[PDB]
Amino acid sequence: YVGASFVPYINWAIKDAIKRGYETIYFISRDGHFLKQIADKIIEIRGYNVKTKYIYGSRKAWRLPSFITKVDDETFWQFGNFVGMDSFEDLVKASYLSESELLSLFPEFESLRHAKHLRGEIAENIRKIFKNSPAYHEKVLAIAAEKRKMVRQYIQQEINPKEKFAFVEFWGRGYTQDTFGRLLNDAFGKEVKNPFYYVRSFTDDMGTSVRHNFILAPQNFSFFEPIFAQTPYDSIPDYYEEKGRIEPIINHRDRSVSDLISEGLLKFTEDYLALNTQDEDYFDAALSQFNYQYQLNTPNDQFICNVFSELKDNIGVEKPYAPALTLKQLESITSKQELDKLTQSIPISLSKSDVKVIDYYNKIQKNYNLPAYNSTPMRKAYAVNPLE
Amino acid sequence: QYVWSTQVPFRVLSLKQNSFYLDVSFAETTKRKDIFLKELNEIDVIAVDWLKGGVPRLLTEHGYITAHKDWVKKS
Amino acid sequence: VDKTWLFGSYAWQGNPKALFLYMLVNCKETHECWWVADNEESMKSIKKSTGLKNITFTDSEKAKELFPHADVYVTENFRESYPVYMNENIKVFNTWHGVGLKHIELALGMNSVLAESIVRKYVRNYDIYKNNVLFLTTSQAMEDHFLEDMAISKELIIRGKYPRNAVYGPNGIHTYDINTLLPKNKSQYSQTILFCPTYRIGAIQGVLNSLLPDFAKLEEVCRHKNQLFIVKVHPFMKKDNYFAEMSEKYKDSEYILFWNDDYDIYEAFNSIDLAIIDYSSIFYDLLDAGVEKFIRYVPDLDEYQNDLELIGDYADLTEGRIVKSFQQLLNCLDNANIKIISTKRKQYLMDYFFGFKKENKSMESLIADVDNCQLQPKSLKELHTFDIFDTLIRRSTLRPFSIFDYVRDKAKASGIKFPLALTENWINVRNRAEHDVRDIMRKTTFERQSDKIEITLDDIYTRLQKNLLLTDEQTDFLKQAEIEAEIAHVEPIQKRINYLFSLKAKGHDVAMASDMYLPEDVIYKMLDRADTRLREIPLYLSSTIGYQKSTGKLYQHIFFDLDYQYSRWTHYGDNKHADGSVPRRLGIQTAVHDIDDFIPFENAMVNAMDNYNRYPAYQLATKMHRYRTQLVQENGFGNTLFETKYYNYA
Ligand SMILES: [Zn+2]
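So the sequences go chain by chain: A, B and C. So the first sequence is residues 425 to 812, counted in the working numbering. So the second sequence is residues 288 to 362, counted in the working numbering. So the third sequence is residues -2 to 647, counted in the working numbering.
Be a bit skeptical, because a hint or two may be false.
Claimed, not checked - Listed next, the in silico BS3-like pairs over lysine-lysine satisfying Cα-Cα at most 27 Å (straight line):
1. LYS343/C x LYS290/C
2. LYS59/C x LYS339/B
3. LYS336/C x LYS325/B
4. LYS540/A x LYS236/C
5. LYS336/C x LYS222/C
6. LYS443/A x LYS476/C
7. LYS484/A x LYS743/A
Everything labelled a hint here was simulated from the structure, so no lab data went into it.
I would like the entire structure built from these sequences, with the hints used as guidance.
Written out as structure tokens, the structure is:
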């Protein structure tokens, strides 16, 4: 499953980069661990002429410093920093300011302690008042210019600008790439073309950001985030300096899951570059089309149920992605919000739950306004019984 | 059992109280409830629109009416 | 009795209610007056609270008796629906719900949150609005403002006073005794204050919390001064839980009274000694009722005036001591003798807003101006919009994807080398790229600062070229092949085209509203190849405008772009949603027919072919469809004859 999902894509991307004349391919943190392993194996076997490097970063470590001369209006949009707030701590964190440093700017905000949920039109008004404060803008700009020193130095030390390079991600809107391109321009002091390889992205090329997309269809690949969250270290929070050199803060995790995942991925890369294909690009496109359409519309599959949906994902503690549901857990819900807290995929979770749980969900969904369950329980296909 | 003509427009008499529908489907949600074709009234039919299954509907300036011979009658 | 007047509104309120009571008293001999509520419970409530017997409800047999031969229908709004049996020549006396300096009705435009409701109202009832509405104006300024913002006949204007501001005077009408609602009699307070906040844009705390954070200290002050503080908020402000909290807290408070909205506050205007107002039109009402002490509690002045675009200056056309802080509001309530509005200032405002009051106006004068009015209506044209694809024209291979097949078949044969994924899979490749561009548009409304989300052929092929690394030769070949194929597969739906032109010849206005990515010139070439006359008909193409029928935005754009003067809007189409549900939500009559489609044998034939044989299979299936269509709905054969012929053929 994971090979079909990742290896064909990286084969397409490597060949497309060799075609476009790229000398170096950079793989960005977390999502680029497994993908760079795959790409290295492909380049070893096929003997391609292209270098691969690994770059540590993230949205959190790159958004704030990217505010060179202005704070992005996206920060105050439906997908900005004030989206997902549940408590006052969330608001102060999304504000980039300290609690007291915040309440100094907005004494009106002192009434926001213990908010239960900081979502909706309340968050709309919060985003507006944040957008309306020039003092907030300049303070955020100062904090950003200070945090940008280490990021600029990291870029200058890790990325060779005189080459013809590209970056390889998997899925996203493209805004992270835009902030990173601003950081690139600030670090090298010129209009630096940064092309990103995605499986898909929604936004068009903007400014120096170029976007090479594998699949041209309205599919959402956030689905595969659980897998990349098995990478053996947390999302990079920021940087630090020692030996006069910049380094990413790396708080490690257990390596078992990622170890087995890499084992499988490299086995698949070997066995996939060994296939007698008449046209390899077309088999890339075909195995990718089939595999994505299958994994995105088969919630009762044996292995998407027993392995994938069981992967721990903080999204924030190490809880499964879409576990089975118990009757009392459903007795404890009254909205779709409470159920999203329990699972990230109602169809998969229900396909894993007992028949009585499914029937209770059906009984309560029409009233509580939950999504309609239009699948059947999962039936194992191989190793159908306990082997012990 | 269907009353219709290839030559439009043409007058029809409403044998029974006929309802107006804004969609050949005659779905409940598309049935007008503000006005109807009164019994024994006449009305011009300005088009004949056919379902995918081969059933005609008689369009009037107020919406569709049935073509079933028990409900409409060519004048 | 000779004349008959009905009075209607969504609630027991307003100039309708005032004039209804005033007529049931002072006009019992010349007019028969009834009040039509919206449902039964409203009538029951009115009758229990007032004891009157001339109250009926909508669609009641009494209402079905009265409306067909009534003389006047009094309202405070441009109603959303009017009785279908309402008499042809009735006079709709629209006594508006207030005066002010904010834009309303048609002036709100397509960006307004209320766009759909306005479009629905007007599309439905424009004939009534224009030929039967006598709109009440109170001053030349207000008359000009309203005529600018609405579609009312300048000849049917009614000049006079607001019945709700001049009927419940000291010796006037009262449906309830005020003392029965107050903790103490009005005389046992030093002053009665009425707090009338409007609903604001948005704030973290509820409007009432931002304006009155500490009700305890407010009660302390009002007790010190023996003042009766009556809280009257906009209905939308009551949804806040803070409103309910502070209302239940001070349920038995002797100096803080949360006004019960079951009682018309206007009846109590004469008992209000002070009015704490902000941006509500009610201020003017108060000014017209005789209230002379005003406090403008406008702490958020720069968040409302700077935001909304008004017709005049707020501070100039309003009155009251300015106050922008709760502490200063309390300081004023404790140690301040608010002075009456200066005579010259009251003259200024009263002229500007209720000037026609100085023309010796009266209630009976208003009733006379109404009764003696003459309706000189004009017959209005109708509007008939038409979907294009599968409504006015069709494809010689029926299904849209046939085109792509054709295009693919040309690519592989042109000699220009293409990627295998592109040729063999052209159908999925191109359709999924189209949907991809559509999702991109939908998700990039912020980045583009625009709500338009329609795509263009160029966008689809740009996506394909930039992400499949295709040469200009390949991309242009494919795009021009698709365009030429769409043009060459055009066929007319002759009956609907001829019906459209018969409509046009009857004097009606006709147009085309189509959701399509093709450029406008390609659409016009296709139409011309279907029927040359079609080239002369107006066209609302989504690709050109950016709005679609599926979202209903293209219909709103048509409504606001044309000088809408139509008595009826009819849209002919094939889409149960884009050309049915959505336009109906906008008050548009829809005629939704069925799209052409195959039946089991034809469908199975087409689905059984690979790339080499799918297009001729489309041709043969579409010929079978045309044959059974001709047999059933052209030749008029019976079931058995048609079935025999179709079998023997196919
Ligand atoms: Zn159509």
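Right, here's what the structure says about each hint:
1. Of the pairs offered as hints, the one joining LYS343/C and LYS290/C holds, with about 11 Å between alpha carbons and a cut-off of 27 Å not exceeded.
2. For the proposed pair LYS59/C and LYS339/B, the alpha carbon gap of about 45 Å is over 27 Å, so the pair is violated.
3. A distance of roughly 66 Å separates the Cα atoms of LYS336/C and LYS325/B; the hinted pair therefore is violated under the 27 Å criterion.
4. With a C-alpha separation of about 19 Å, the suggested pair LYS540/A and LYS236/C falls inside the 27 Å cut-off, and the hint holds.
5. Distance hint between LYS336/C and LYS222/C is fulfilled; the C-alpha atoms sit about 17 Å from each other, no more than 27 Å.
6. With a C-alpha separation of about 24 Å, the suggested pair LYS443/A and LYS476/C falls inside the 27 Å cut-off, and the hint holds.
7. Of the supplied pair hints, the one linking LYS484/A and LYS743/A holds, its CA atoms being roughly 22 Å apart against a limit of 27 Å.
Checked against the numbered hints above, the structure violates hints 2, 3; every other hint is satisfied.
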